[PDB]
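Single chain ahead, written as structure tokens, the form solved without the partner chain.
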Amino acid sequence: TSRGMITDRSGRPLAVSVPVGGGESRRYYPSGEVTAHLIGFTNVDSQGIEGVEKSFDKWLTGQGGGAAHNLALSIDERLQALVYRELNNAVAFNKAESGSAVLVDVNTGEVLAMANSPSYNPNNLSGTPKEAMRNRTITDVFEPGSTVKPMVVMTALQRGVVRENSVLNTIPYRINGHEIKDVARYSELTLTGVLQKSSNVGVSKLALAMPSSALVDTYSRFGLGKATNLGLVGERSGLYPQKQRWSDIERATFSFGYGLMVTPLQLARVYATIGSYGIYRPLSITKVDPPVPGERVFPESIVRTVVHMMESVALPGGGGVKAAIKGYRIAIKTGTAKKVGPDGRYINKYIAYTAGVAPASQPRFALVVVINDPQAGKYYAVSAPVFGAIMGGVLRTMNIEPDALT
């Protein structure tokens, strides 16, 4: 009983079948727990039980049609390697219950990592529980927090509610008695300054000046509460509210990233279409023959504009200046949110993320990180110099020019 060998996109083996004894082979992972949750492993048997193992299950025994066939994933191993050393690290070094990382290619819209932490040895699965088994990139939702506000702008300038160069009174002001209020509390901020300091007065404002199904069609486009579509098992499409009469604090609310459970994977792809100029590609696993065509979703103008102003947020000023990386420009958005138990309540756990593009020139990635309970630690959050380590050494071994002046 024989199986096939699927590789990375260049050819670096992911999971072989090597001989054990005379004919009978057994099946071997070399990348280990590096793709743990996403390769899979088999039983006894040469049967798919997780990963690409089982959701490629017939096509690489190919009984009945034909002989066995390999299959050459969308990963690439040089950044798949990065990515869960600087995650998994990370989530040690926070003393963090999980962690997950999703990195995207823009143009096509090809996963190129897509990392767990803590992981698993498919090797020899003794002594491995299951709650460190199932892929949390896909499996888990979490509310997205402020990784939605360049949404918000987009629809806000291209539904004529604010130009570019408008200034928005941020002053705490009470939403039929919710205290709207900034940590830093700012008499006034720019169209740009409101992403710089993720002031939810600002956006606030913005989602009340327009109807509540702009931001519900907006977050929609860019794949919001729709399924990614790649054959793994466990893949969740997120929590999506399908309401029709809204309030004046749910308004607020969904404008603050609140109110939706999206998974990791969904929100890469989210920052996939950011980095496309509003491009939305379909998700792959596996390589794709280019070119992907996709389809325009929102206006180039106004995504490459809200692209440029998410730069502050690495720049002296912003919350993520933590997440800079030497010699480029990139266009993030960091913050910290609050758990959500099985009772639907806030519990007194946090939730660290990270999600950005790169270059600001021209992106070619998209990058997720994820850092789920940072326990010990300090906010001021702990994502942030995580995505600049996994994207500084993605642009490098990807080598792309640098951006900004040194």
Second form
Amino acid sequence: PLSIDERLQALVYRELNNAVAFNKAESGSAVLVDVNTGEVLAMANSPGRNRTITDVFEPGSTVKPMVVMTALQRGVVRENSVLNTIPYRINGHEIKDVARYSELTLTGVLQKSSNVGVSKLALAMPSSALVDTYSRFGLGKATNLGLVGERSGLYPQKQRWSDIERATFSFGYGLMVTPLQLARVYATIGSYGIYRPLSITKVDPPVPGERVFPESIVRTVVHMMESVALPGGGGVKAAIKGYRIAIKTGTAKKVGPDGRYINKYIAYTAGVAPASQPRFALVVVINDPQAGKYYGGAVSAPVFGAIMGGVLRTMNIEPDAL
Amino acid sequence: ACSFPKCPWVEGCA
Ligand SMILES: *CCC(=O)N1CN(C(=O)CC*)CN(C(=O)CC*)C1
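Got the form solved without the partner chain; any chance of the form solved in complex with the partner chain too?
Below: every chain and molecule of the assembly, starting with the one above.
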């Protein structure tokens, strides 16, 4: 007895197919998860013979919330901390943001997706800290739904860490995830730190999970993430009238089997909604967009908003904005 | 140039 809700599957496929066409993209995937049960409510590939739900990509900015949660847990920062976000060098490598800010709050670090801010959190913690947190939220763990190429992503078992490697890991690079893995991360965010397996078969709630992160810290960062879908945030194009949403939008470049990059982009948005009491985790990935826009916020955020808004209406979720 | 995993391409930071 499958967990997929065919209403949600049909609107996910419709919106994903339209976004793949609009962006003149090779393909796209979307995965929708119930943050209380781990049930997969929708899971779509576009086109339907391009089996991209299990393709791996560097998760980029979608890991930044986990970096803020870890820094708060370790007491590197407090809830109202302000970071110095002036660009600087790590081992000769210039660390910069899209836009230069001299300083950001922790909310600003997510709103502006500050590489400078998250690098300073990372280099204030042992290299083991983010390795442990990412693992707690399921990165490097198999998903077990029975799909071709499924497996466990590309996750470091690293003995030795340069400063720049510690920083790029906090940015979400030098590791790879599947859409299913990332959806499970965001389901663990939506539950406020309860890790549950994905299911393509129905379960009866409540589903006991593994406590992998304190509720207070995860909820703190979910509220900070709301800024990303407000003006001046990287994910404003994902905003849904009537709802608070907690998202991150990001971009990777495609890696060949030689570990060399080619000039094909992977645009993604991951999120939970409604942010007041999450119901759903959603991941949308657009592969090789070719209509002159390449980044997550431009390419994948609009379809995140179209799909999540359609889900919230279909499932009669009460609007939680204002 | 960039390479995976030792010198990744990073959004917003050349
Ligand atoms: C802010 C940019 C950044 O951290 N990186 C990009 N970069 C490049 O060399 C471009 C591919 C420096 N980085 C390294 O990991 C050093 C090889 C990552």
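Residue numbers count along the first chain shown, from 1. The term rigid core refers to the most C-alpha atoms you can superpose between the two forms while keeping them within 1.5 Å.
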C-alpha displacement of 2 Å or more between these two forms on the rigid core, among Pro211, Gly231, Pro299, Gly160:
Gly231
Given a core-based superposition, decide whether the C-alpha of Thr139 shifts by 2 Å or more between these two forms.
yes
Spell out whether the Cα of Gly177 moves at least 2 Å between these two forms when the two forms are superposed on their rigid core.
no
